[PDB]
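Missing here: one protein chain of the complex. Every other protein chain is in place.
Per-chain numbering from 1; labels A, B, C and D assigned in written order.
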C-alpha cells in the first residue's frame, strides 16, 4: 500500500508600512532629437523609433508579491 | 508499505517599515541627439532607436517578495 | 516498510526599518550625442540604439526577499 | 532756495526655484501626559495648558520676502 499525506501549513505575512510616498519626477527626453537622412537604401524590413517611447513611472504603495507553488506527482 | 507525511509548517514574516519615501528625480536624455546619415546601404533587417526609450522609475512602498516552492514526487 | 516524515518548521523574519528614504537624483545622458555617418555598407542585420535608453531608478521602501524551496523525491 | 530730487530706482529680484518640496512629518506630543494634583491653594490668577498646543507646520513653496522703506523728512 501507498499513503501520501500532503499537509503544508502556511501562516505567512508579506507586509509593508510607508508613512509617505511622493514627489517623484520622471522627465525623459528633455532635449532635442535631430535625425537627418540622405540617400539610404533598405532591401529588407526597417523598424524605427524616434523620440520618447516606452517610458514608465511605476509607483505602487504596496508593491508586495508572494508566489507559492505546490506540486504532487504520483507514478 | 510506503508512508509519506509532508507537513512543512511556515510562520514567516517579510516586513518593511519606511517613515518617508520621496524626492526621487529621474531625468534621462537631458541633452542633444544629432544623427546625420548620407549614402548608407542595408541589405538585411534594420532596427533603430533614437532618443529616450525604455526608461523606468519604479518606486514601491513595500517592494517585498516571498517565493516558496513545494514539490513531492513519487515513483 | 518505508516511513518518511517531512516536518520542516519555519519561524523566520526578514525585516527592515528605515526612518527616511529620499533625495535620489538619477540624471543619465546629460551631454551631447553627435553621430555622423557617410558611405556605410551593411550586408546583414543591424541593431542601433542612440541616446538615453533602459535607464532605471528602482527605490523600494522594503526591497526584501525570501526564497524557500522544498523538494522530496521518492524512487 | 531748496531743491530735493528723490529718485531711487529699483530693479531687484528675490527669487527661488525648488524642484520638489515634501515628505515633512511633524509629530509633537507623541507620549503620555499624566498630571496629578492634591491640596493646592491659589490666591491669584491661574493659567494652565496641558497637552499639545500651538504647534506649527509652516511649509511655503516660496516663503520669500522683501521689505522696503522710503522716508523723506523736510523741516
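Note that a contact is a pair of C-beta atoms (placed from the backbone, for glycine too) under 8 Å apart; a residue touches a chain by one contact, two chains touch by 3 or more.
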item: Interface partners of the hidden chain - shown chains only, full complex considered; value: B, C, D
item: Interface residues of chain C (partner: the chain not displayed); value: 19-23, 25
item: Those residues of chain B which, in the complete complex, touch the missing chain; value: 19-20, 22-23, 25
item: For chain D, the residues touching the chain missing from this view; value: 1-75
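By our rule, only the chains that are shown with their structure count from here on.
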item: Counterpart interface for B-D, drawn from B-C, A-D or A-C and sharing over half of its contact pairs; value: A-D
item: Between the pairs A-D and A-B, the one where more C-beta pairs touch; value: A-B
item: Chain A and chain C: spacing of chain centres that average the CA atoms, whole Å; value: 10
item: Interchain centroid distance [CA atoms averaged], chain A/chain D, Å; value: 48
item: Whole-Å gap separating chain A and chain B, where each centre is the average of the chain's CA atoms; value: 5
item: Residues of chain B whose C-beta touches two or more other chains; value: 1-75
